[PDB]
Each structure stands twice: as structure tokens, then as C-alpha cells.
Amino acid sequence: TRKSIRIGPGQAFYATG
Amino acid sequence: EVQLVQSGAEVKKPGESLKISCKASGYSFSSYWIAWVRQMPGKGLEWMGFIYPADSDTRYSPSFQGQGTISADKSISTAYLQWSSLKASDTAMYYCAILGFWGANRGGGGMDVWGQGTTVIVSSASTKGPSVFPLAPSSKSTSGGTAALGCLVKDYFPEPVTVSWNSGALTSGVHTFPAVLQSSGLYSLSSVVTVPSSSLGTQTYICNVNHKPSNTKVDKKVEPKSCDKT
Amino acid sequence: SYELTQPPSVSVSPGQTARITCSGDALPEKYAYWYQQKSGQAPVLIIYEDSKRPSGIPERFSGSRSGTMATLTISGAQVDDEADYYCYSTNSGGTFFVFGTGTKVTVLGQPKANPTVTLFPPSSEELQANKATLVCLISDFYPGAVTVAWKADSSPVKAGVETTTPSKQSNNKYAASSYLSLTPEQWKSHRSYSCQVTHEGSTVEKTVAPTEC
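Protein chains in written order, with this note's numbering: chain A, 791 to 807; chain B, 1064 to 1293; chain C, 10 to 222.
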């Protein structure tokens, strides 16, 4: 996925999957 | 070369609409989030929101929701920020930036490619040349030190003005200060030169003020005060 | 809404270590990022995911995060490291990013210098234009911070004051200016106006009067 954003350990920015 | 190029400086009035642009090149525009950052004069960075150009997924911080619309046109690799009704408080530098372009920051939240910024001024003021007032050197004798003399360049809009002395023939001791902005919406600044207090009654001092946006030029001679019995 | 707190001012001498903190209640689970912004320039990413430097960023910049605090450390501070530094992170819900309030890092690269102060009264020409401006010009000071207070007949005046932030001169000392805006009536009715400039341990005061020359 190119849209996903890592924002913390084991966590992505909301709805970026 | 990976690059974001922003549109040019803008001066607008409250109530007017404005759309500023961020042109991407050198990479796949659809695949990276583009963010917009506001910086009001002398203040900190504020994250307004961002957009993923592939599907135009757009998010705003709560205080910026409805305060400026972010969009993108991937057919010309351009992201936008726009207002339908500008406010004076929209006065700011605006940056666009790509998220996660380089190295292990890819897939991450670091903004690592930045546009050069777009300055936006929103003001109810209309264009106006300055009034130039002489700032007369003190009457006091110095034995034999210096005196400060200058020109007050008052109530102009927009920036900038340039100032010179004796048609550029006087440079040492010359000091031109940055502008202040009054609640009237007009700017003022001062330019001062420090000279031998002995040369007062002798030398001629003339400030040359140029305000291009209003096509105004003013030359003003600055002499000792009348009450100055020298 | 979510905010990240930073001290506004940190000062160091060249070669010393500067530490810049960033605090927020979502930081225990969210990465911190750091941006450097020099005067006149766009921000630059210097740290991402707490501790990682992009290539080209000098190793003297390091970062960490623990609980509600993230820290940017500048070891062996250089004169060119003087800049604003902003932390950056998401809220706990991961629905927006925010910048910290910013820390100005001052690197003391020259000796202290006290300001020269010049105060001009309104010209009779300006008075005739139905306006009045006292102009207080401040120059050759270091470091780049001063406080300006205006007085009328020895009482504090706050209305009508506009002061510029310090700006770097060619000689690397600083300048600033402060304006007191009055009606010609106010100017003529008082007997003294003073501009008082404070810097470190020095106060410089200049005074003008409508009835004196």
C-alpha cells in the first residue's frame, strides 16, 4: 500500500489502508 | 528532480476569492499525500490538512475544517488551496509539502519535500504611496560627535519601499529599518543616517524614497530644526 | 484540540549541547518528528519517527521519545544551527497532524552588545498633516532581543504603540524600531514622552518634549 501512513508503533493514520 | 513549485505572491481584499497552486514534478503525483501548512507573519507552523491525489481523500485539522478547501488535479499534477471569501486573518505564508518521499521515511509521516511558499496578504487597504517626513537632527552640540537624522516613510501599501540618501552618494552611517504595520492597514518605516554633528549646517541631506507598487518617488531634504540655533 | 507544548526559547554557546522538549498526552503511542526552520526559509525535516535522521542531516542532531515527551538534542551546537525548531505528531485518534508551538534556539556567536537608541519627536510637517509619530530607533544590540516601554509625563503608555521584532543587521548585531502614534492634540498637551529600551542589564532611555527643542 502506498497510501498508508505510519503514525506510531503498530498504528496507521485513520482510514489510509 | 523531485520538486513542488508554488504560485506567486498574492494581495487581496477581504471577501474576495483566491486559489493558490502547488505544481508537482519528477515523481508519481498520485502516490504521495500533499499537505498544506500555514504560517502567519512571525508565528508558528500550522498543519491545515492534506490530500491523497489518487482518490482525492482529503483531511483537515478541526480548526481548519471549512477554512480553506484543499483539492488536486492529478491530470496536471497540481494540488490547490482556495478560499471563496478571504479574511484578513488569512494573511500568511502557505507551504505545500510531500509526505514520506525519501528513504525509510517512505510510508511515514515526515514531510520531506517542500514548496517554496506562497505569500498571501489579505487587507482592506488600497495601494497608496507614502508621505515622507523629515526626522530633524538634534539641536544639541556634541564636541564633536555625531547626530542622527532621517526620514519617516509613512502610511504606504503594499510593501516594499526602497530608500537611499543623496542619490546613493551617501551610504556609510545609513540605516533603514524594517516596516511596521498599523491597525489602519498601512505600513511605515524609517531610514536614519548618522553623520558628524559638525557637518550639519554644511552638508546637504536628501532621502530618496521609491514606492514601486504606487509608482511614487519622493525626494526630501532633511535640515536642522528651526528652534535649533546651531 | 490536541496541542504539543515546547519551551519558546533555548540558548547555547557554540560547542554546547542544546535540548528541545515537546510534550503532549498522545505522544506515548505516536511518533514525534522534528523540523528546523531558518529565518527566511521553508522548514526542513531533520528527525522522523522519534530518532531517525534523513540523509544529509548532520549526526549532531538526535531525537528520542518517552511517555508524554519527545526531545531533540543538538550536540556541539554550531552558529548555523540557530533556527526555529518545531516538533510534530498526530492526535491520539490519528485523524490529524499538529505542530508544536516552536522553540527558538539561539546560538551565542558573538559578544553581548548594548543598543544605541535614537528618539525623534513628530515633525511640524507631520503635525500639519493632522498626525503625530514618535519614532524610537534601536540598533547594534546582541543578542537579538529587547523590550520597549513608552511613557507620557512619566506614566506608561500602551495604546498607539507598534514595535518591530529584532532584525539582523549586516554586522550581525540586531536592530529594532518602535512607533508611538498620537493625535497632534495629545502631543501638544503633554510635556514629556520617553522611549525606554531594556536589554539584559542595561536600560537606555530617551525623552522628547513638545515645548523643548
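No lab work stands behind these hints: they were computed from the structure.
Watch out, some of these pointers could steer you wrong.
Unchecked claim - Calculated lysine-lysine pairs in the DSSO-like style (CA-CA distance at most 27 Å, straight line):
(1) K140/C x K1106/B
(2) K47/C x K1086/B
(3) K1106/B x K1137/B
(4) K113/C x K1288/B
(5) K1191/B x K1086/B
(6) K1203/B x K1106/B
(7) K215/C x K177/C
(8) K113/C x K1106/B
(9) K140/C x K1076/B
(10) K1106/B x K177/C
(11) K1283/B x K140/C
(12) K1086/B x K1203/B
(13) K61/C x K113/C
(14) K1292/B x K182/C
*Does the alpha-carbon distance linking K1106/B and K1137/B stay inside the 27 Å limit?*
violated (32 Å)
*Do the alpha carbons of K140/C and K1076/B lie within 27 Å of each other, as the hint requires?*
holds (26 Å)
*When you check the alpha-carbon spacing of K1292/B and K182/C, does it fall within 27 Å?*
Roughly 35 Å separates the two Cα atoms, so the pair is violated.
*Holds or violated: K113/C with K1288/B, Cα cutoff 27 Å?*
violated (43 Å)
_Hint consistency between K61/C and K113/C [alpha-carbon to alpha-carbon, up to 27 Å]_ = Roughly 22 Å separates the two Cα atoms, so the pair holds.
*Between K113/C and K1106/B, does the CA-CA distance stay at or below 27 Å?*
Given that 27 Å is the threshold and the Cα spacing comes to 11 Å, the pair holds.
_Holds or violated: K1203/B and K1106/B, Cα atoms, limit 27 Å._
Roughly 42 Å between the alpha carbons, so the hint for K1203/B and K1106/B is violated.
*Would you mind confirming whether the straight-line C-alpha gap from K1283/B to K140/C stays at or under 27 Å?*
holds (18 Å)
*Within 27 Å, alpha carbon to alpha carbon, are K1086/B and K1203/B?*
violated (60 Å)
*Can the restraint linking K140/C and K1106/B be considered satisfied, given a maximum Cα separation of 27 Å?*
Answer violated: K140/C to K1106/B is near 31 Å, above 27 Å.
*Pair hint outcome, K1106/B versus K177/C [Cα-Cα no greater than 27 Å]*: Roughly 18 Å separates the two Cα atoms, so the pair holds.
_Given hint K177/C paired with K215/C - CA-CA distance at most 27 Å_ = holds (23 Å)
When each numbered hint is compared with the structure, violations occur for hints 1, 3, 4, 5, 6, 12 and 14.
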